[PDB]
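For reference, the chain that follows is the form deposited in one PDB entry, supplied as structure tokens.
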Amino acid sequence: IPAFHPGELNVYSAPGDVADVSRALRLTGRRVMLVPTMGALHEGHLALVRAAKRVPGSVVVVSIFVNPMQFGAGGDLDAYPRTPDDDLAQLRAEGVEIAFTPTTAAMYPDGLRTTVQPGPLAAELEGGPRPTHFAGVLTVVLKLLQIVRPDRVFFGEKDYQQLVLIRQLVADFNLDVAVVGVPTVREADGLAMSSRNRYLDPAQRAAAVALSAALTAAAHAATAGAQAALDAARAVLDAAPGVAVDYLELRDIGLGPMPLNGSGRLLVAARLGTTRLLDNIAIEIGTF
């Protein structure tokens, strides 16, 4: 075990350091909570931190790691926002005791060798045109789960397809961790918080309310059925200046090879200028 100062933020870069500290905490009865992030923290991330915090006896580990493996080449990785000083300041303000900030060399010392191959869900929606993205996510999350060995791991409903795929990972590899989904944090007007929102200029920011407005319109229209819900969403998106829809799909909640019934998830992705935004919402069909 390296130094651990309780009630203070401890920052570890070495996998072995955080693994030792986590083990030592776990052996003395603390329950270790893990919150994977790519940094540039905002209130969406803090909702996961707080959910973790409220677990009785919890120690909270927030990982910050802009994982190269889930980026496709073409400057996306270099372009990802990095604000380490603000991130650690926020974690201190939240009472988090552990930040895990690994280097690329420590996570990938052998490059890409053994990796996780996700199931067919990874080839759809976000994965359609980024066929390796979710292998990247599931590989790093598996590694983080093995390094930290948390009792529970926290993921946002914001990245709902990611959340579902993490549940598949946990189920399919018999991982002894509880996956906790945390509801999407929104701005006052409905805009889902994201580190990419900083790339919307004033006009795009105004137009971007249409994604959440479309989804919530759809959620309410859904008493009248799937077609009514989808066409409500399309009408709002269509009314929105310079929103280019990539997809809008209503699926069963597991997003799996199962047709939609009473409970679904409506998912949208759209481009505003160069910024790709995502949102999703629970949908109940024929239910008021």
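Shifts are known only where both forms have a C-alpha. Take the two forms, superpose them, and find the largest set of C-alpha atoms that agree within 1.5 Å; that set is the rigid core. Numbering follows the first chain given and starts at 1. What changes on going to the form deposited in another entry:
With the rigid core aligned between the two forms, only one of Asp85, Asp172, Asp76, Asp189 has a CA shift of 2 Å or more: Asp76.
Positional change of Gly256 between the two forms reaches 2 Å or more at the C-alpha, relative to the superposed core. Taking the core as fixed, the parts between the two forms where three or more residues in a row have CA shifts of 2 Å or more are 72-78, 256-261.
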The other form holds:
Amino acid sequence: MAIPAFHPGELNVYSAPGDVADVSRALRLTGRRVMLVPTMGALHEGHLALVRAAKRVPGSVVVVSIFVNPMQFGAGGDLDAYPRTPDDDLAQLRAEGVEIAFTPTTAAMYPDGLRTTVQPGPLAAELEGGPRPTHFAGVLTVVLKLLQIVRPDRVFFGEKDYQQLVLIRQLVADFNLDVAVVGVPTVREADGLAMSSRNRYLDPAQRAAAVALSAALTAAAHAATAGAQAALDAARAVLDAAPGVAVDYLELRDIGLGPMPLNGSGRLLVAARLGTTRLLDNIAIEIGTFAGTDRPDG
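Having seen the form deposited in one PDB entry, can you show the form deposited in another entry?
The next block holds one chain only.
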């Protein structure tokens, strides 16, 4: 009762929040499980893995949102006119059998400018948040809004942007949101580079050196049998051997981004600049007496 056109088995594209909210609600009433994949477009194989994870849930209908949230741009930073490929985007979604694309305007998302917003916890001031102190407020505000509009049963995020994922789990816990946050392992290029829409920014020399991030992390994960100092120093030596790579941070944390014990299990996160382009990556890691395995570590 009030439903926009909806063609099942087809990609249906809605800009109006109200429209996708009424479609999502009707679909929920028929007992389909609504899955949300929030994106900023320029879709790559990583996003497709998110869509495929969502597709695997029985009864799933998949909503992919595409919205370049200005409240996570720019000055300073981040300073890029973000890649926009709306045509290819929807043709990828079609091929994958996604039924809903939500592509709102800025005016429909922010009809009152920045008025009520989400204040993230103090994790948002660390790491990615240090130099850009309101960035995560912008992520968590738009993600809360997407969740209220679409009301999915689960929402799917890549693990690459690991701080953002943790903060979104924080959001969902803290506001009692009735949604499951699904983190999906990072899709990588063949040489190990974490997929990102911003990888296309890299010139040839830079694309070649950028392999050092994933090579560092992988080297660290295997060095870690010998402890956290070995893991870190192995990662930093790889990073230092790559020309044109400038390290922002290289840090060990627990899975929730608290302190890492030595001899435990956690995450190693890295951010670096190549010319003007910032890259992130992270890996699961186990250190010391926690890194023993049947065979060779780890």
